[PDB]
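S.K.: Below, each chain spelled out in residue letters.
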Amino acid sequence: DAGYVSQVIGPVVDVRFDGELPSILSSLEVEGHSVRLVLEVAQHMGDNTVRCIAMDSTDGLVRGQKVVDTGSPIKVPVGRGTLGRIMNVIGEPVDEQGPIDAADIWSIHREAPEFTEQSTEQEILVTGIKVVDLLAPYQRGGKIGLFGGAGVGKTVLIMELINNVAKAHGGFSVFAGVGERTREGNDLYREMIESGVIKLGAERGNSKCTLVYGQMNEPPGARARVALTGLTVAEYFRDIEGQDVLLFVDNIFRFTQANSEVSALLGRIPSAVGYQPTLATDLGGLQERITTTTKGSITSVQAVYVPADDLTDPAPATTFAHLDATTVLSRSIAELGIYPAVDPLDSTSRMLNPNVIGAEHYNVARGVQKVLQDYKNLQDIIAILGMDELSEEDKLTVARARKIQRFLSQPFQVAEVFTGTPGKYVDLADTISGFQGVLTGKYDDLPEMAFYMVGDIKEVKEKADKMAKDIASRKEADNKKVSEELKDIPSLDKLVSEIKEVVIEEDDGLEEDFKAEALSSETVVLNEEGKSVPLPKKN
Amino acid sequence: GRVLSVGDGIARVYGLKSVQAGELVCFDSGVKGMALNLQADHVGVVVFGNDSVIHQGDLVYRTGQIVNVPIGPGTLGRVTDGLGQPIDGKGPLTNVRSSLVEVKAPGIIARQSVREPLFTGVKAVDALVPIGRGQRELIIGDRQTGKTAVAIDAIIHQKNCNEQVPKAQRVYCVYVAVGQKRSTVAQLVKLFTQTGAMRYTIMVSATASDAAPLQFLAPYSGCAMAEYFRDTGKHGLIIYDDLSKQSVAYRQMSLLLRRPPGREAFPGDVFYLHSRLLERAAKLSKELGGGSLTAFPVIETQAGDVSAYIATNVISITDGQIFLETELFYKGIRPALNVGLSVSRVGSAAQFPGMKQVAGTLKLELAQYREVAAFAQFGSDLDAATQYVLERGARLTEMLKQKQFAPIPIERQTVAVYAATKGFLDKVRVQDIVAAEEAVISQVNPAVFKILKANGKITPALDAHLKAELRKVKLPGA
Amino acid sequence: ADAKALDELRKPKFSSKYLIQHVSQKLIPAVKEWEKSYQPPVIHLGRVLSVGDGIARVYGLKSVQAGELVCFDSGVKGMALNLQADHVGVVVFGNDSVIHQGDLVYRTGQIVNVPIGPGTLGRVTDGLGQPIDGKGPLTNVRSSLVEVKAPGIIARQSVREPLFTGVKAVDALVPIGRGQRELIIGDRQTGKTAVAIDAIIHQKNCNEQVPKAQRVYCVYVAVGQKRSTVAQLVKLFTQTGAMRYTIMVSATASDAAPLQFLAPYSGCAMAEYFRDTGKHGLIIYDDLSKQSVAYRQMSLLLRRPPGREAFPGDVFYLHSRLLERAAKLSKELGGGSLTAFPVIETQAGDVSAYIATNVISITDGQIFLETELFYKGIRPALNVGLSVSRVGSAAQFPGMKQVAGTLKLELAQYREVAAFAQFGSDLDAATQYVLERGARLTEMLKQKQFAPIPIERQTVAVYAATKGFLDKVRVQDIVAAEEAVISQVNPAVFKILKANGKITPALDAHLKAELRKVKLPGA
Ligand SMILES: Nc1ncnc2c1ncn2[C@@H]1O[C@H](COP(=O)(O)OP(=O)(O)OP(=O)(O)O)[C@@H](O)[C@H]1O
Ligand SMILES: Nc1ncnc2c1ncn2[C@@H]1O[C@H](COP(=O)(O)OP(=O)(O)OP(=O)(O)O)[C@@H](O)[C@H]1O
Ligand SMILES: Nc1ncnc2c1ncn2[C@@H]1O[C@H](COP(=O)(O)OP(=O)(O)O)[C@@H](O)[C@H]1O
Ligand SMILES: [Mg+2]
Ligand SMILES: [Mg+2]
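Protein chains in written order, with the authors' numbering: chain X, 36 to 574; chain T, 85 to 562; chain U, 40 to 562.
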């Protein structure tokens with residue numbers, strides 16, 4: 036019928052069974068624990084023993100405790116009521132609003148959608164970031180990748196992409212938090228209640244998003260399957276409902292790391308540099324479930340933390356085959372102070388072809404690639420020469436190229452809480468010819484930084500007008516200034532007579548609810564009969 | 085055989101007193117399997133599919149046969165999985181025959197020296213780093229750089245060549261997709277249908293979504309499909325794409341099966357499992373069938389390291405390298421074929437003699453250009469025996485640019501590179517580029533292309549017309 | 040040879056019993072002739088099979104859990120990290136020399152608990168609750184769960200409180216928060232202890248001003264620091280008075296591994312109490328790489344599989360829940376805070392080091408301290424172009440926040456033109472002036488070790504280089520001109536800006552006049 040935990044090694048525990056062993060990728064439950072604990076079996080030991088992975092911390096499992104079989108894979112409650120809910124890996128409410136108002140639980144482990152039901156019709160997903168929509172154009176229902184180091188600006192692109200595409204769609208979306216910080220988790224909960232994507236009250240059914248959160252605090256059972264828990268509710272809305280759902284998964288690398296933290300612990304030799312031996316079927320099984328079929332559409336948005344901007348590690352080097360549109364973030368362009376710091380060379384999508392979009396889109400983005408590759412091949416030699424002997428034919432594809440690295444920049448709506456400048460929702464054909472102009476020489480007349488953090492071709496000519504005036508401004512130093520006391524300025528002590536009286540009490544309020552109990556001077560132990568005794572005094 | 089321990093797509097079975105090494109077994113729940121290693125007490129069995137169906141104590145039946153794939157002409161146009169089943173949704177594969185995927189390569193006396201050339205449409209491949217019918221050439225590169233593009237534009241060129249070439253010497257395509265997405269192959273099944281190449285192509289696509297040994301077996305079965313076109317005497321093109329993922333396949337099973345790890349945790353014999361693949365495609369001699377087989381493996385590097393362990397093997401067993409760098413790809417030379425890094429072993433020994441007297445200088449003039457390539461970012465001029473060569477190199481960049489999915493016929497790219505090195509070049513400025521590239525290939529009469537494909541070489545009864553035809557380059561857009 | 044053959048072996052098929060009648064008669068005199076050589080059968084207790092070096096392997100113990108404190112028979116405390124099939128691997132707190140093959144192991148049943156509360160303010164324990172400061176046991180304290188998971192998503196709010204460090208190199212250049220996880224990653228001997236101790240002495244001399252609801256108490260966790268350095272910092276905390284509002288858990292390098300492994304964990308167990316009861320808490324996890332080496336010692340004796348640099352698999356999860364339990368709660372649980380300082384020493388410049396890539400991805404902002412910048416006069420040697428934060432505005436002083444954009448972006452161009460000094464250009468009055476500006480900005484932003492200067496003096500001190508008042512002053516003597524800018528101005532204007540908090544035009548008129556009233560000694 037049921038079995039017992041026989042062995043605990045950190046975050047993997049071993050359950051023995053007396054006949055009819057559970058199928059692989061089923062769910063187990065322990066009774067008498069603090070929280071409900073789900074064990075997901077990964078391999079059979081051989082001696083009537085499954086080997087598990089732990090959805091929460093194992094600190095507390097006694098050897099021999101009762102383990103029941105649910106006989107079935109992990110079931111999350113899918114449904115239309117799940118919108119506006121912050122969801123766990125194992126189906127829990129962690130936003131503390133009752134149970135999940137949904138039915139028809141579904142197995143979150145399945146096979147990939149087959150080869151026959153594959154979509155090849157491609158639609159350009161216009162986002163609103165001038166480096167995305169020109170250079171690496173995303174695909175509707177396709178894949179969106181995001182690499183970059185820890186501190187280059189990956190996650191602030193993701194919520195910016197939510198404000199771009201997940202608001203102006205009307206349908207449903209899903210934010211799949213896989214092992215990121217709670218800070219960028221909790222802040223996104225506030226900036227979707229205020230932006231109205233997630234609602235509270237009796238309007239829970241008209242919302243647009245579910246949040247599946249497997250953040251960094253959980254042990255790697257939960258950080259390894261929150262990718263699948265966020266995935267299957269997106270694949271539930273695809274096949275049953277037909278709506279296009281946007282999957283915003285964060286830190287796909289943390290999905291592959293959470294596998295790799297216990298993959299050695301299940302009895303496997305480490306692979307290349309120390310990552311997991313089975314990363315191919317782990318990630319390849321993850322990715323090809325995220326597609327768009329004949330029945331519906333899933334537009335995957337993937338953020339990946341890469342360690343120290345090195346793309347030779349095999350845990351992101353399997354991901355490059357698995358992403359059509361890739362927005363590779365360079366720390367160098369952020370060290371230039373340019374946001375978004377999207378690489379003009381490393382970030383290249385699959386929509387970029389004149390056989391689909393049109394020659395007017397493909398030629399300027401290729402024209403961007405000529406002027407920016409040669410700018411990289413010349414900024415090595417500009418430090419030996421200083422750009423003074425080039426005979427005025429290589430001083431044209433440089434001066435525009437120093438401008439075009441600023442013309443990838445844009446103030447963000449989600450970032451204006453800490454940058455001050457208001458964000459732009461930029462369209463496509465207005466800036467393609469705008470990108471085309473500064474490549475051609477129509478805007479050679481302008482200075483350097485007028486291109487920085489702007490939008491259309493109207494705002495670049497109007498940053499120079501303000502900039503040109505500001506070189507005519509601050510041309511005075513004499514008198515009639517703020518520094519005199521004649522106009523409105525009080526004396527220095529009459530500021531001080533409006534200060535509010537701040538009380539200091541020196542005892543700080545620390546003995547009001549703290550139950551200042553006593554602790555034992557001698558360590559308390561148990562006896563063989565189990566009752567509490569002090570230590571029997573003998574070595 | 086009963087299963088003791090099963091996990092991660094690896095089932096360790098007990099029993100099976102007569103199972104063979106590499107024998108294809110079958111489980112209870114319809115999923116097949118192969119036993120790779122056979123130990124004293126338990127036998128290790130790798131699993132071709134999902135592994136969450138087998139409990140402990142299930143049963144395995146031996147089929148008594150080493151793993152085989154259905155080979156033959158009925159596979160043409162179908163999209164199969166690597167084990168030998170179709171996934172296209174077009175029902176079964178009829179007019180086929182099953183044959184063993186594991187045999188030995190052709191020996192010494194089976195071989196004949198590769199002399200006649202394969203033509204692959206990309207002029208940067210055909211003229212600079214050429215490829216013979218029955219030859220091994222590695223499309224190495226970065227990712228997002230066009231290794232699939234050099235593969236598929238060769239395939240579309242064969243369909244652009246097979247319609248005007250007789251029945252025997254028609255080059256059939258088996259592009260084997262290893263580790264690509266299940267949605268990328270959907271684009272590739274579209275491009276072979278829309279162009280019409282699906283009369284000639286067999287798309288073996290073991291994805292990233294299936295289990296480990298399917299990605300391991302997809303090159304052997306795909307080369308076993310290439311075995312059928314060899315001993316029938318036809319000519320065949322076999323392409324493995326992203327063979328590094330097949331190395332990720334042979335890594336993933338070896339460490340799961342507790343075989344001893346070697347360099348970068350790959351097994352030691354992974355060089356042998358790459359060689360018996362790539363030594364299977366060759367040119368059989370005129371006593372044993374006369375057919376050929378040319379293999380185009382693909383290795384995806386990381387940042388251009390050609391000394392990584394997996395690339396170290398394939399460069400050693402194959403002949404040359406078509407190095408496709410990502411950085412110079414945005415420098416407009418399409419494909420980014422680093423001629424100083426990309427060599428083929430045969431050189432001019434196996435090239436069509438309409439190119440031989442002009443590729444025999446083209447690797448010499450590009451040698452003069454790459455030795456002087458640091459000067460193009462300098463305005464201060466040298467003696468103009470350098471700077472004319474810098475423009476002889478510059479109009480030999482855009483001389484080699486190839487539009488995507490558009491292979492050009494073989495005798496057209498012969499006279500086009502004849503129109504740059506001989507000196508009928510675009511001396512006027514690069515404001516007008518669009519009528520300086522296409523003018524040679526469109527404004528001459530099409531009698532001259534008919535002659536060059538018949539005789540094999542620019543005879544001296546043609547150069548006076550050919551110098552005259554390039555002289556009246558029209559360019560009506562000036 | 041299967042288990043059904045084993046269950047068939049449970050059915051007796053002996054067909055004769057011509058031994059069992061007699062071997063049952065000579066069994067009991069045999070076991071009672073050799074009775075002295077029998078240790079008793081032990082079920083809910085434990086007894087040691089193998090012991091060594093901090094990992095002791097104990098037979099039995101059917102009652103224990105993972106993470107239960109056990110007590111050996113000599114009084115030594117222990118911890119059950121993994122539980123194998125027949126035995127339980129027990130990690131040993133302290134020296135392990137007293138344990139033999141055959142000694143008793145007593146289960147205490149509880150999860151490991153170190154005493155928490157405000158009575159510990161002024162005490163230095165180790166990671167186990169035992170006092171080393173020579174002031175006896177802890178009074179008015181209580182035990183708490185050190186293995187507790189972090190506060191959830193519904194429990195947190197957006198951070199607002201800036202957490203002034205008292206350092207102009209920090210508060211102007213890297214915005215810190217009160218619930219922000221700030222990493223100090225550098226080389227060895229480069230000022231990492233300098234930046235952390237500058238924050239606490241500032242937070243003590245700004246603790247006797249703020250009214251009960253921004254009072255940031257500090258716990259400084261010493262992992263592997265030698266015991267003279269522990270007496271050094273106790274001497275530093277006492278001789279300014281900071282020890283009144285300072286707890287310090289101090290795991291030396293001459294202690295065992297798991298006392299160093301638990302000391303940041305017990306270090307945050309104190310500071311969760313300051314977060315739970317509404318106050319603000321400072322925590323510094325000093326030498327957090329050396330705590331991870333203290334993790335690597337235990338596992339590699341524990342027959343556990345190694346990975347990158349022979350560190351185990353789950354070492355990301357170690358530093359994750361060590362730095363996720365520091366937070367800023369919502370209004371519904373007091374509104375308390377915790378702000379985090381982990382210290383990671385690079386292996387002389389490996390940012391791709393295995394511990395580094397974990398802790399740079401967990402934490403919110405990082406502060407690079409190269410050994411390059413430490414000898415160019417820049418002390419503390421903060422890297423500006425490589426240091427990022429998250430929350431930006433509403434994480435600095437708000438009057439500083441407007442002038443910080445004038446400070447950061449001019450520093451952004453200056454780091455690009457500083458390496459272009461190989462030609463002697465100084466062209467068009469801009470390639471010299473941004474060199475003239477940013478060099479004085481570097482000579483602005485140096486300070487002294489152990490000199491906590493409040494932000495209100497720094498919002499004036501940041502104004503001296505952003506405006507004029509320094510456009511005629513050399514690159515040699517700004518470090519003795521800044522103090523005369525501090526001294527000769529009216530000492531009442533600093534209080535009213537910290538009272539205001541923002542640069543109003545009502546106060547902007549005074550701040551332009553008073554910096555020409557001062558006369559600079561750089562000449
Ligand atoms: N001649 C060309 N002109 C413009 N773009 C091209 C050309 N050739 C290839 N590309 C670009 O290459 C991209 C993908 O081609 P391909 O799949 O061959 O590259 P790849 O190196 O195989 O990439 P991956 O290895 O990631 O699959 C497309 O986005 C396409 O825009
Ligand atoms: N801001 C500073 N100004 C002047 N000297 C400093 C400064 N910071 C550090 N030092 C010098 O550096 C030495 C070490 O200081 P500190 O312990 O802060 O560095 P650390 O990198 O934390 O050292 P460790 O790596 O050993 O912990 C001190 O002896 C002091 O002389
Ligand atoms: N467009 C932008 N505007 C303002 N700040 C930006 C922009 N892009 C990136 N940043 C900065 O980059 C920093 C890192 O952001 P985040 O996405 O959290 O990085 P990571 O994904 O590496 O953790 C943020 O603090 C943010 O302020
Ligand atoms: Mg490819
Ligand atoms: Mg120190």
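One or more of the hints may lead you astray.
Far from chain T, some chain X residues (derived; all Cβ distances over 12 Å) [stated by the list, open to error]:
hint : residue
1    : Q42
2    : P57
3    : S69
4    : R86
5    : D317
6    : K330
7    : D345
8    : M488
9    : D528
10   : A551
11   : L554
Here are the simulated PhoX-like cross-link-like pairs (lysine-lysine), alpha carbons at most 20 Å apart as the crow flies [as the list claims (entries may be wrong)]:
hint : chain 1 : residue 1 : chain 2 : residue 2
12   : X       : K405      : T       : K487
13   : X       : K405      : T       : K534
14   : X       : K411      : T       : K415
15   : U       : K506      : X       : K516
16   : U       : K541      : X       : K510
17   : T       : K551      : X       : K405
18   : X       : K516      : U       : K537
19   : X       : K510      : U       : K537
20   : U       : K511      : X       : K535
21   : U       : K551      : X       : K529
22   : U       : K537      : X       : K529
23   : T       : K506      : X       : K430
The calculated label-pair distances, taken between Cβ atoms and stated as ranges, are [what the hints assert, rightly or not]:
hint : chain 1 : residue 1 : chain 2 : residue 2 : range
24   : U       : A458      : X       : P482      : 32 to 40 Å
25   : T       : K415      : X       : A507      : 38 to 46 Å
26   : T       : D112      : X       : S367      : 32 to 40 Å
27   : X       : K535      : U       : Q441      : 53 to 61 Å
28   : U       : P560      : T       : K415      : 42 to 50 Å
29   : U       : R513      : X       : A507      : 29 to 37 Å
30   : X       : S367      : T       : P176      : 50 to 58 Å
31   : X       : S58       : T       : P157      : 54 to 62 Å
32   : X       : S367      : T       : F462      : 21 to 29 Å
33   : T       : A469      : X       : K405      : 38 to 46 Å
Hints were generated in silico from the structure; no laboratory data involved. Yeah, the Cβ is synthetic: ideal placement off N, Cα and C, and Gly gets one too.
S.K.: Which of the listed hints are broken here?
M.R.: 2, 4, 5, 7, 13, 16, 17, 18, 19, 20, 23, 24, 26, 27, 28, 31, 33
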